Structure formats: structure tokens, C-alpha cells
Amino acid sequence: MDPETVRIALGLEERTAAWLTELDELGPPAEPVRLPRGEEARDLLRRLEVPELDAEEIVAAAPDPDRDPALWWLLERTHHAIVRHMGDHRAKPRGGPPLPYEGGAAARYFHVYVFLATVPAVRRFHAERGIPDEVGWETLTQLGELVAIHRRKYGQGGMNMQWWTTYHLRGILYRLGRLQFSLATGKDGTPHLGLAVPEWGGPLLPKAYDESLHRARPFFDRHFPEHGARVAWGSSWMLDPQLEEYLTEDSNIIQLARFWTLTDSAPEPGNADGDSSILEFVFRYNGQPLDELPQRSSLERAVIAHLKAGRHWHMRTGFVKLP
């Protein structure tokens, strides 16, 4: 197939042409793409904590190279475009575009098939790096979380956070308890660990947070000794000191943010670039009228009150030294 024919068949916008040309030149992977099917697929989906409803739909809709040639062409090359950067955190996280939902369940779940086809490659990388199986699996379970999030956010099955799953699938991100850590480098090339907080797993309890922080250096120094990070960095809505106006002392965010050293400038009050982040993480916002959003928690109340007041939320950046 030719990349223009693929683009047109799948309903992809003209701006995706450059990506598809790149994928055309890259070509099919040396290891042919294999999707698990039937109970094999159900077993893997369940290991990845994908909800039963979604898993059943994913297995039912799995595409076929003969009936779905354009989608299959893209599946092979998208998988290839990820595994070519296995272990490489310097590569940008390019998972490819979302497919228009006019292509049905195969299109909606496209990046889930990408993830399933890539599990064997990343598990091999985990083994080569000596990563314990339980860490490898715990890391990959965010697929189920992100599937679940799609359904909450939009109302039908899907997974449109494929940019983020490139980290898991390249073996550059690991969940070590409540927190995730990714191999990362600053602009001057200095190694650090990027810290992230997956939604599933309950509140960010101080004891769970501290336990994750204690695991970070031992884990990376054992399996990625060439990296040598001494610091964790984070950029997040939850590092915004404005939260202190609204959250109480019993808030986990308030207690733990006090350990962080913020390194960006106090943002301009009128800068609205951080509103979308907090609305995504608190509400999985999809453009609904602000006063239709729930108001059951202190944070839900805070986000809306602050925005109603004409004020803005800002992503802030900081670090903590690794124990």
C-alpha cells in the first residue's frame, strides 16, 4: 500500500502525511506483528488490568490483515516506529495519530492493538535489563487505566493516550509502587528521573509516596547503571502553590508539595495554559459547562471556584533529591 492511500482510507488529516511517509520509509518490523486472539488475548488484557467490558470488545474487534489492509499497514509500522527506540529516552514520544471513529471499534482500539503487539518486545527488554517480572507487569497495567479513562471521558471504548504509552513500551518508564519514574535528561543533558503519578492505586498517601521515592535510585542504579540520576523532576498541576488557598492541611498534595523545590518563575496571572491540565486530571474534562461538573470533593470545588473567579491554574516544575 502507499501512504496516501492509507491516509485517505483511514480518514486521516493531510498533516499526517509526513508521519505516514516516515512510516513508509521505515517499513514493516523484522519480527512480524502478531496480535493475540481469543483466550490468549483475554488473559493478556486481564494481566494489563483492562476492564472486562473493554477487553471483550477489543478481542471481538481485532483487525485482520486481509479485511483491514490500511489499518494493518499502519499497525505494523507504528509498532516498528516504537520498538526502533526501545530503551531510548532521547527519542520523542511519537505514538502516531488517533484514528477517526468512523472506522469503528478497530479504529477506536487501534493503539490498544499497538500496545498488545509490542508487549513481547518490551518484556524482552525488561528481561535483558534484569527487571523483576512484577515490576514489568505493574508498569504495563496503566494500559487498563488509560482504557478506563477513555470510556469515562468520551462514553465509548478507546485509548487515545498513545503518546504516553510510548514510554512504557520503550522500557523507559517504570512503576515502582505508587509513583512512576522515567529515564530523562535535562536540556543540558544531565540525567534525572521524571516522576509521574498514575491515577489508579488510591490516594497519594505519604507512606506510599515515600516508599516509591526510596525505590528509585536502587532500581535505576541496578538496572540502568549508565544513567546515574540523583534528582527527580516533576511538572504538574499539583505543584501549583495556589492550591493552598483551597485545600486543607489534611490534603496529601499540600503535605507532600512542601518537600518540593519549585524551579520555574511565578507564572503570569493571566496565563491560561495550565487550566486544561488541571481540568483533565480532576474531571477528564471534555468541554462541558463548568457548573455541570461534579463538586463532591474539596479539589473539585476549588478548581471551579478559582476559574469562576476569573483566575488561572498553572503547571509548576520542581525537583526533590532522590534518597
The other form holds:
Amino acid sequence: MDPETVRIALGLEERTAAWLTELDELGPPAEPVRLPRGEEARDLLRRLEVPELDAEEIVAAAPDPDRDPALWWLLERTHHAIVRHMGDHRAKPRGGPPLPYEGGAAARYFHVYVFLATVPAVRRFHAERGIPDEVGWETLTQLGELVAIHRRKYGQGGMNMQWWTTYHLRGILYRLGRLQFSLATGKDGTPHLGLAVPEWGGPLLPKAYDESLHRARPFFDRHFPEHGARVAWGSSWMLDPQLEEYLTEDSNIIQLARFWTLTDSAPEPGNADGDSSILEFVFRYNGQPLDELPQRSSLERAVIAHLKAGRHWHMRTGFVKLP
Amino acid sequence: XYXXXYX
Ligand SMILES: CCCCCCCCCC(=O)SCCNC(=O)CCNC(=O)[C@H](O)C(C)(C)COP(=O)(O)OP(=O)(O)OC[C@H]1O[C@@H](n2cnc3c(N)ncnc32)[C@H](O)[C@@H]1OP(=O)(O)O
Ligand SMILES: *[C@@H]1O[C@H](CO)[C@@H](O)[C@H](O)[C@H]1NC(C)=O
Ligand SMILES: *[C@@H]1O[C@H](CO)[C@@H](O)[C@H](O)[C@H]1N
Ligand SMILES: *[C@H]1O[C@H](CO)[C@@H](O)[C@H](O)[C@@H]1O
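What's the form solved in complex with its partner chain like, now that we've got the form deposited without its partner chain?
Expanding to the full complex; the earlier chain stays at the top.
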């Protein structure tokens, strides 16, 4: 097939042509793409903590090389475009575009199939690096979380955070308890660990946070000795000191942010860029009227109150030294 | 925001 035919068949925007040309030139992977089917697929989906409802739908809709040639072409080359960068944190996280939902369940779950097809490769990388099996699996379970988030946010099954799953699938991000850490470098190339907080796993309790931080250096110094990070860096809505107006002293965010050193300038008050981040993480916001959003927790009330006041939330950036 | 990274 030619990339222009794929693009048109799938309903992809003209802007995606450059990507599709890239994938055309890259070509199919050496190891042909194998989707697990039936109970094998159900076992794997369950290991990845995909909710039963979605998993059943994913297995049912799994595409076929003959009936779904344009989708299959893209699946092969998308998988290839990820594994070509296995272990490589200097490559940008390009997981490809979402597919228009007019293509049905196979289109909606496209990047789930990409993830399933890529599990063997990343698990082989885990083994090569000596990563414990339980760490490897715990890392990959964010698939289930992201699938569940799609359904909460949009109302039907899907997974549209494929740019983020490129980190898990390239073996450059690991969940070490409550927190995740990625191999990363600063602008000047200095190694650090990028810290992230997955939704699943309960509150960000200080003891759980502290345990993850203690795990970081021993883990990376053992399995990625060439990296040598000494600090963790984070950019997040959670680091915005404006939260202190609204959250109490029992807030996990407030207690733990006190350990962080913010390295960006105080943002302009009129800068509205951080609003969409806090709305995504607190509400999985999808354009609905602010009055319609829940108000059960102090943070929910806080986000809306601040916005109602004509004020803005800001992503802030900082670091903590690794113990 | 609403997009990601990291570039
Ligand atoms: C702070 C130190 C870490 C700084 C490094 C940041 C780098 C991280 C880069 C990223 O990954 S940005 C995305 C971070 N991840 C998320 O936002 C995932 C979705 N968020 C959550 O699951 C929770 O917000 C989280 C587990 C991270 C924290 O929940 P906690 O309950 O521990 O937070 P806290 O104790 O401060 O919460 C205070 C109040 O807000 C409520 N709350 C917290 N998160 C909420 C939420 N996401 N949605 C609705 N309510 C929330 C919480 O229930 C409580 O309600 P009450 O005061 O009424 O009892
Ligand atoms: C995003 O990329 C930048 C630079 O490559 C880095 O500073 C940051 O830690 C990265 N994020 C993660 C989670 O790796
Ligand atoms: C950046 O976004 C990711 C996808 O929503 C999320 O998983 C991560 O926690 C956050 N830092
Ligand atoms: C940052 O810029 C890159 C291009 O270099 C985009 O791909 C991305 O969406 C973001 O705007």
C-alpha cells in the first residue's frame, strides 16, 4: 500500500502525510507483528490491568491483515517506529495520530493493539537490562489505567495517550511503587530522572512517595549504570504554589511540594496555559461548562473557584535530589 | 496545555 491510500482510507488529516511517509520509508519490522488472540489476549490484557469490559471489546475487535489492510499497514509500521528507539530517551515520543472513530472499535483501540504487539519487544529489553519481572509488569499496567481514563472522559472504549505509552514501550520509564521515573536529560544534556505520578494506586501518601524516591538511584544505577542521574525533575500542576490558598495542611500535595525547589520564574498572572493541565488531571475535562463539574473534594472546589475568580493555574517545574 | 511532550 501507499501512504496516501492509507491516509485517505483511515480518514487521517493531510498534516499526517509527513508521518506516513516516514513510516512508509521505515517499512515493516523484521519481527512480523503478532497480535495475541482469544484467551491469550485476555490473559495479557488482564496482566496489564485493562478493565474487563474494555478487554472483551478489544479482543472482539482485533483487526485482520486482509479485512483491515490500511489499519494493519499502520500498525506494523507504528510498532516498528517505536521499537527502533528501544532504550533511547533522546528520541521524541512519537506514537502516531489517533484514528478517526468512524473506523469503529479497531480504530478506537488502535494504540492498544500497538501496545500489545510491542509487549514482547519491551519485555525482552527488560530482561536484557536485568529488570525484575514484577517491576516490568507493574510499569506496563498503566495501559489499563489509560484505557479506563479514555472511557471515563469520552464515554466509549479507546486509548488516546499513545505519545505517553511510547515511554513504557521503549523501556525508558519504570514504575517503582507509587511514582514513575523516566531516563531523561536536561537541555545541556545532564542526566536526570523525570518523575511522574500515575493516577492508579491511591493517594500520594508521604511514606509511599518516600519509598519510591529511595528506590530510584539504586534501580537506575543497577540497570542503567551509564545514566548516572543525581536529581529528579518534575513539571506539574501539583507544583503550583497557588494551591496553598485552597488546600489544607493535611493535603499530600502541600506537604510534599515543600520538599521541591522550583526552578522556573513566577509565571505571568495572565498566562492561561496551565489551566488545561489541571482541568485534565482533576476532572479529565472535555469542554463541559464549569458549573457542571463535580465539587466533592477540596481540590475540585479549588480549581473552579480560582478560575471563576478570573485567575489562572500554572504548571511549575522543580527538582528534588535523589536520596 | 492539553497536549504533552516532552520534546
Ligand atoms: C507534589 C510532589 C510531586 C511533585 C512532582 C510532580 C511531577 C509529576 C508530573 C506528573 O505526573 S503531572 C500529573 C500528576 N498526576 C495526576 O494528576 C494523576 C491524577 N491525580 C491523582 O490521582 C491525585 O491528584 C493524586 C493521587 C496525584 C494526589 O491525590 P492526593 O489525595 O494524595 O492529593 P491531596 O492529599 O493533596 O488532595 C487534597 C484534596 O483534593 C482531593 N484530590 C486530590 N486529587 C484529586 C483529583 N485528582 N481529583 C479530584 N480530587 C482530588 C483529595 O481527595 C483531597 O480532598 P479533601 O481535602 O476534600 O479530602
Ligand atoms: C521531557 O523531556 C525533557 C528534555 O528531554 C526532560 O527535561 C524531562 O524530564 C522529560 N520528561 C520525562 C518525564 O522524561
Ligand atoms: C504527563 O501526562 C501523562 C499522560 O496523561 C501522565 O501519565 C503523567 O503522569 C503526566 N506527568
Ligand atoms: C511542540 O513542538 C513540536 C514540534 O517541534 C510539536 O510536535 C508538538 O506538538 C509541540 O507543539
